[PDB]
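Student: This is what each chain is made of:
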Amino acid sequence: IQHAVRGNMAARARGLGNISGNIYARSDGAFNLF
Amino acid sequence: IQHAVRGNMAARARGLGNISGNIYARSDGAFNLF
Amino acid sequence: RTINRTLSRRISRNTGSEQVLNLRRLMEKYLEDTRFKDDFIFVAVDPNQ
Amino acid sequence: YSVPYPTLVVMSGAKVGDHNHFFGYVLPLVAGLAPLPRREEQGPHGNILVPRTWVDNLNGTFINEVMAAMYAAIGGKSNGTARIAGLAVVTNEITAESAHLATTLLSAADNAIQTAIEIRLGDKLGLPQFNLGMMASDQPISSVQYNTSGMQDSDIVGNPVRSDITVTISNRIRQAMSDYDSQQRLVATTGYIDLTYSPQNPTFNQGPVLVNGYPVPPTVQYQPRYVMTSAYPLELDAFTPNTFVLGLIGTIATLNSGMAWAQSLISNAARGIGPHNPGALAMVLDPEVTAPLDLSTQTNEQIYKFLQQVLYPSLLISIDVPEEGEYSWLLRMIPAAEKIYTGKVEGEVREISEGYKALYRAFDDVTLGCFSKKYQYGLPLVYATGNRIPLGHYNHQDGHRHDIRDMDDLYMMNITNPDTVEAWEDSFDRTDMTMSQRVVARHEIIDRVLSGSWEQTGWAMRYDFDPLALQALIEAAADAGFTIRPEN
Amino acid sequence: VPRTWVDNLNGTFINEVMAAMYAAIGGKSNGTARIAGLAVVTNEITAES
Amino acid sequence: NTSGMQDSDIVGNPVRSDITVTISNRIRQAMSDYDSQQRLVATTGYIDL
Numbered sequence: 584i585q586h591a592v593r594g595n596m597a598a599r600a601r602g603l604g605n606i607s608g609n610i611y612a613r614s615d626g627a628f629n630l631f
Numbered sequence: 584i585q586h591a592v593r594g595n596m597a598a599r600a601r602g603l604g605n606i607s608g609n610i611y612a613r614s615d626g627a628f629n630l631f
Numbered sequence: 047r048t049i050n051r052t053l054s055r056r057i058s059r060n061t062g063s064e065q066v067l068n069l070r071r072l073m074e075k076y077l078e079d080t081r082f083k084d085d086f087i088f089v090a091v092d093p094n095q
Numbered sequence: 096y097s098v099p100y101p102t103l104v105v106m107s108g109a110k111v112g113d114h115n116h117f118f119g120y121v122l123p124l125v126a127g128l129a130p131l132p133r134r135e136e137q138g139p140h141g142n143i144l145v146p147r148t149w150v151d152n153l154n155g156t157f158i159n160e161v162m163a164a165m166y167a168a169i170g171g172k173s174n175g176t177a178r179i180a181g182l183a184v185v186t187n188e189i190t191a192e193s194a195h196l197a198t199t200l201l202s203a204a205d206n207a208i209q210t211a212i213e214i215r216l217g218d219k220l221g222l223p224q225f226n227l228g229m230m231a232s233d234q235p236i237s238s239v240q241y242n243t244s245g246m247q248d249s250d251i252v253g254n255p256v257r258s259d260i261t262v263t264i265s266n267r268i269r270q271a272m273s274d275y276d277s278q279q280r281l282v283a284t285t286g287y288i289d290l291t292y293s294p295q296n297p298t299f300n301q302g303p304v305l306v307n308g309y310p311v312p313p314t315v316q317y318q319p320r321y322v323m324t325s326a327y328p329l330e331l332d333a334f335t336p337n338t339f340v341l342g343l344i345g346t347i348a349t350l351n352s353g354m355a356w357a358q359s360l361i362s363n364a365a366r367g368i369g370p371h372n373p374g375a376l377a378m379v380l381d382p383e384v385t386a387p388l389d390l391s392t393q394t395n396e397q398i399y400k401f402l403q404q405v406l407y408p409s410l411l412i413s414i415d416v417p418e419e420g421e422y423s424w425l426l427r428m429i430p431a432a433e434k435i436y437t438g439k440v441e442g443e444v445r446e447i448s449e450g451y452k453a454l455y456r457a458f459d460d461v462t463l464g465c466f467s468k469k470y471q472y473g474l475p476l477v478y479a480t481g482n483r484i485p486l487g488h489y490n491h492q493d494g495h496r497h498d499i500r501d502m503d504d505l506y507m508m509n510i511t512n513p514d515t516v517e518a519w520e521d522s523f524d525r526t527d528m529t530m531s532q533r534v535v536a537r538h539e540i541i542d543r544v545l546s547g548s549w550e551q552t553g554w555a556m557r558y559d560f561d562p563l564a565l566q567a568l569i570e571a572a573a574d575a576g577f578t579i580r581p582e583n
Numbered sequence: 145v146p147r148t149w150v151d152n153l154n155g156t157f158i159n160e161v162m163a164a165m166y167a168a169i170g171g172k173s174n175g176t177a178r179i180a181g182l183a184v185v186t187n188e189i190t191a192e193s
Numbered sequence: 242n243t244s245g246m247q248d249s250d251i252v253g254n255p256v257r258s259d260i261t262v263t264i265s266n267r268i269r270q271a272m273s274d275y276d277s278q279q280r281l282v283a284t285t286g287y288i289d290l
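These protein sequence lines are chains A, B, C, D, E and F, in that order. Counting with the UniProt record's numbering, you get residues 584 to 586, 591 to 615, 626 to 631 for the letters of the first sequence. Counting with the UniProt record's numbering, you get residues 584 to 586, 591 to 615, 626 to 631 for the letters of the second sequence. Per the UniProt record's numbering, the very first residue in the third sequence carries number 47; after that it's consecutive. Per the UniProt record's numbering, the very first residue in the fourth sequence carries number 96; after that it's consecutive. Per the UniProt record's numbering, the very first residue in the fifth sequence carries number 145; after that it's consecutive. Per the UniProt record's numbering, the very first residue in the sixth sequence carries number 242; after that it's consecutive.
Just to be clear, a hint being listed does not mean it is correct.
[Said to hold, decoys possible] In silico SDA-like links for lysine to any residue, alpha-carbon gap of 25 Å or less:
hint	chain 1	residue 1	chain 2	residue 2
1	C	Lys75	E	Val185
2	C	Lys75	E	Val150
3	D	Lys439	A	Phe631
4	D	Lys110	C	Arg55
5	E	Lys172	C	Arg55
6	D	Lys434	A	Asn605
7	D	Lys219	A	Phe631
8	C	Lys83	E	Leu182
9	D	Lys219	C	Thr48
10	D	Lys400	B	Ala600
11	D	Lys219	C	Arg56
12	D	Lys434	B	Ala591
13	D	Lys468	B	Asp615
14	D	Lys110	A	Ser614
By construction, these hints were calculated from the structure, which means they are not laboratory data.
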């Protein structure tokens, strides 16, 4: 079977995308007529 | 931390896309020679 | 077929009509004055029988 | 009596044990009176003048007076008990040649009273109610009609109703030996298609928008919406909440059969330049374009491809609930289920309200108890948008009276300038505006467009359903042995 | 496949019409009966027709 | 209003009514809070140069 390349391939997989939202402080008649 | 916008953001999430297909009525020699 | 008898209401918006009674009456009324009163026979066929 | 208008009450009774129960239907007659003036209110900036109509005068004092008259009619408090079963305003004159209208009104009153008696005392009186088990030995079918030119549908009084889309649910019968074919028509539904501005924000470092797990082109910014305007029986004598559920199931099944709802826009595109032309979205797509496009010479697939660049591929289900009318007593159950929890103190688990219970019970009883197994008890069923919509009519250029609900987003895009479009959408969407402010903004725009030549008759509120609940309802209906075959 | 009113008029319908006609005249011994034509009326009949 | 039918006199002849002004009286019930109006007089005319 046949088939360098520049760049760092492991760096992409170690990125931190998003974190949990619990770490942030929370802020702070007709029908019934008959 | 720094950073109105027109439009209704809740309307997109309330769209009904697809439903179950069970609600619809169903329609209606050589090898063996030896 | 009998849903109306099961879940019934006292006053109904759809009552139907009597086309066979209306048409037969008109034909007999037309014929009653001529001389061909006895030449025709009218037969009513309805799904109830 | 201390009432604002002359009214007539139709009463009937039922006896359980040794007690009597009486129910009444109220009919105010307002033809020939001057219309109501505007009321001054208090706003964040100052004072505003807010429009009113006939229903705004029917407050608690009116109810107390009607109840007193009813009690005097039957003999006294010791002769029974009285309750109000419905209300409707009659805006057209009644003469000595109006027998048909009187008969129709009497029929409506009788149906409302009988349904109230059933719901309140069925278990003790042994009165059944509709469910899907009665359609076990037959074949249900459905049909749809797209019509937008000419006369519209009418209500019990005689006023037009917008009916762009009409769906009919029937039952198919075949004679065993004689091989005759026939059908029996049960219920019908009307409505139309609207648009809601809803841009997608990619710049907030969020994931792409996915519809049915699929991404959409970056130019898509409008969400289609279906609005139900009416529902009524055809050959059924009785119309109850369970029958309404059957109509809802049929409409949802038909409208999703192969994107059948987009056929409305495609059919409208065939007339060319006009107030309902979908080609106005070409100005949204490309800013330089300043004139709506004519699509009457394109094939259907070309128009479908054009629409796929600007619209989300899903549908929102909404409904208009009138504050008074022929079937307002039936349809008031939808607003009642919007508040899930009474805040009452709970020993362990929070108490659940009664309107939510009634709607959940109807959904579960129509499907013979499968909805309970499919959907969790306590999840949302209905959301409130907060918009108060006017009802009325105006004179069309073809010689007929048309529903005032013809003024929507597409009408503004085709007829007016972009500033008016922005103002209309803003009154529909902004969350920092009170109800009266939105009412004032919409009233001003309509009055400017029509030169003041229109008449208002009532009010309505708009609600929408939860898509998860609807999917569970369709699945539960399938699990109870019910199938439907669209024919058109 | 679409259908219309005439598609329901099969042999069973003819047999029933013949039986009604024979009952009208008295019996088989009172004569013989035959069908001479057929037409469907699709418009309403009132007292002013 | 300037398109369509115009106002009429006692005999039945048209009168030019480009502008119409109505004077009324506003009433509110003290305890029951009902709203109504009572219309008194009207005037018609137009604008020339």
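Student: With reference to the structure, classify each hint as holding or not holding.
Tutor: Against the structure, the hints come out as follows:
no., hint, result
1, C:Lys75 <-> E:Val185, "20 Å, holds"
2, C:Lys75 <-> E:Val150, "30 Å, violated"
3, D:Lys439 <-> A:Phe631, "22 Å, holds"
4, D:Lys110 <-> C:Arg55, "17 Å, holds"
5, E:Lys172 <-> C:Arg55, "47 Å, violated"
6, D:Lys434 <-> A:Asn605, "34 Å, violated"
7, D:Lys219 <-> A:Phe631, "23 Å, holds"
8, C:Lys83 <-> E:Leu182, "23 Å, holds"
9, D:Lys219 <-> C:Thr48, "24 Å, holds"
10, D:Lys400 <-> B:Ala600, "23 Å, holds"
11, D:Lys219 <-> C:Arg56, "20 Å, holds"
12, D:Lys434 <-> B:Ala591, "30 Å, violated"
13, D:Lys468 <-> B:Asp615, "30 Å, violated"
14, D:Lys110 <-> A:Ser614, "57 Å, violated"
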